[PDB]
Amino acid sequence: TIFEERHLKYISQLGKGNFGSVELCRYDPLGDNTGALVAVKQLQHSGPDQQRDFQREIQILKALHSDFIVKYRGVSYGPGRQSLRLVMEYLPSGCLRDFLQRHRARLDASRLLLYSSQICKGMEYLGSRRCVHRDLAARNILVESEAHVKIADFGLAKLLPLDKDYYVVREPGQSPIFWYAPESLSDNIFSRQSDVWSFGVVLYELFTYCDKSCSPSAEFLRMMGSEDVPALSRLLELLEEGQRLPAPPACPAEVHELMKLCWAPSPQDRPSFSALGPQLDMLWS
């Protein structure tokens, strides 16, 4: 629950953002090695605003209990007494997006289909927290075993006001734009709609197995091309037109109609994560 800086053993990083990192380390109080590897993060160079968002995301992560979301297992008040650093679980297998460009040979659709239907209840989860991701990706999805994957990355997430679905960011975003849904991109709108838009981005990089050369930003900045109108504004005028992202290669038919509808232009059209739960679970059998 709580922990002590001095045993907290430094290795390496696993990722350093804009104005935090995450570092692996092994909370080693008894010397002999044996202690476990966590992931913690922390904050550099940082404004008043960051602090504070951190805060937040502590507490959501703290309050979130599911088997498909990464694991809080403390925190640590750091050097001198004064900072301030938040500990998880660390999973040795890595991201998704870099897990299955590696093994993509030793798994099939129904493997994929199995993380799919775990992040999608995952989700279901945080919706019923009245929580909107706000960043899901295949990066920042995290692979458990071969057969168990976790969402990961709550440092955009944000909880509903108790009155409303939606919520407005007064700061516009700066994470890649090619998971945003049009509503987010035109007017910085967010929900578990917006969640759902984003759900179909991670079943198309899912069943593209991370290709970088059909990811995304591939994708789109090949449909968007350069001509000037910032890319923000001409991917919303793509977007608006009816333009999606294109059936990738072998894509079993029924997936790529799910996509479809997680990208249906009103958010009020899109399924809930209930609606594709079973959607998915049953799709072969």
The other form holds:
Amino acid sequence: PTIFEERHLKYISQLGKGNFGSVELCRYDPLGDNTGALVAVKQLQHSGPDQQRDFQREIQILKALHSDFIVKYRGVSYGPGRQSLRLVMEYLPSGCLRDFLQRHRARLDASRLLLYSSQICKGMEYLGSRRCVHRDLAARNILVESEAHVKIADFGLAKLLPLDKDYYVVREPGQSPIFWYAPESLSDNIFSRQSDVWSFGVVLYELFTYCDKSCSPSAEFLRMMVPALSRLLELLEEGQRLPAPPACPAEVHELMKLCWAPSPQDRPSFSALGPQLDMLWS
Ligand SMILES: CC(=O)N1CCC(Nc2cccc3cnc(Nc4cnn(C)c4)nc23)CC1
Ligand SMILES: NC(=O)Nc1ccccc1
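Could the form solved in complex with 1-phenylurea be given as well, to go with the form deposited without 1-phenylurea?
Every component of the complex follows; first up is the chain already shown.
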């Protein structure tokens, strides 16, 4: 049931790409009559030993995640031997939250944004409970299941923390837009559940700006600003932060600023954030 035959997976279109991977819309069509269910299918864009090790890790992480707020693992398709060729996941036609916010902004009030915030927070609370660091939390990596339901996706950079260590150090620079990284990530490539909280603060910013490009983190940096990464680290060290989005509830902007505490140990846990978002929502 969790094993998909390659010859039954019919290619339809590209859904997205990044971090050496593509996600394709396929039909799983064993009848070959175009009546089969649609699935989102991730594969490496091209072969590579390091990317393959990372891909098998991603499959093993997502397979073991069971949450209303995490994109659903369906199964795998196999290449030669035990080599995973494709990761088969549920298809969410509404696509990424970034796109959904830009298109439907006139329809989505503060209450709805707080509902999405609460759901992402509950997803991240669960990830933390599994000792999983996402490392790439952003509105582009959150999917819309329905009007009132979002799910976290994109576990391509996710890592499991050992039982005796609450952070990990990456050797090579990140390739994600720099405006979502915590200062300790920008400076020393240190990632933790607390660096995911920093990124969640930027996701709250994205939600309450409806991902408007004109007040994007990039746009704000270029107005607020030496290599860009060093300049951003300097601004953050000075205590400069993204401004309150237009018409943003003061309490929501206060929560963003707590997520952006300079020291990771001073940032609120997702467990602490959850009730505060739920309180604002109702
Ligand atoms: C922004 C970007 O390039 N991304 C890569 C592709 C990713 N898409 C999905 C990954 C995993 C499971 C998915 C299930 N459904 C969908 N649906 C969908 C519809 N339109 N789009 C763009 C995505 N995407 C998934 C979103 C982020
Ligand atoms: N977290 C936060 O406020 N980041 C930031 C600051 C200035 C420009 C772009 C991003």
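Definition used throughout: the rigid core is the maximal C-alpha set that superposes within 1.5 Å between two forms. Positions refer to the first chain, counted from 1.
Report task. Align on the core first; then indicate which of 260, 52, 65, 45 has a CA shift of 2 angstroms or more between these two forms. Result -> Spelled out, the residue whose C-alpha shifts by 2 Å or more is 45.
Query - Yes/no, residue 241 Cα shift of 2 Å or more between these two forms with rigid core fixed - result: Where the cores coincide, residue 241 shows only a C-alpha shift between these two forms that is less than 2 Å.
Query raised in the report: Quick one: once the rigid core is lined up, does residue 92 have its C-alpha move by 2 Å or more between these two forms?
Result: Where the cores coincide, residue 92 shows only a C-alpha shift between these two forms that is less than 2 Å.
Query raised in the report: By the 2 angstroms cut-off, has the C-alpha of residue 81 moved between these two forms once the rigid core is superposed?
Result: Yes, because once the rigid core is superposed, the C-alpha of residue 81 moves 2 Å or more between these two forms.
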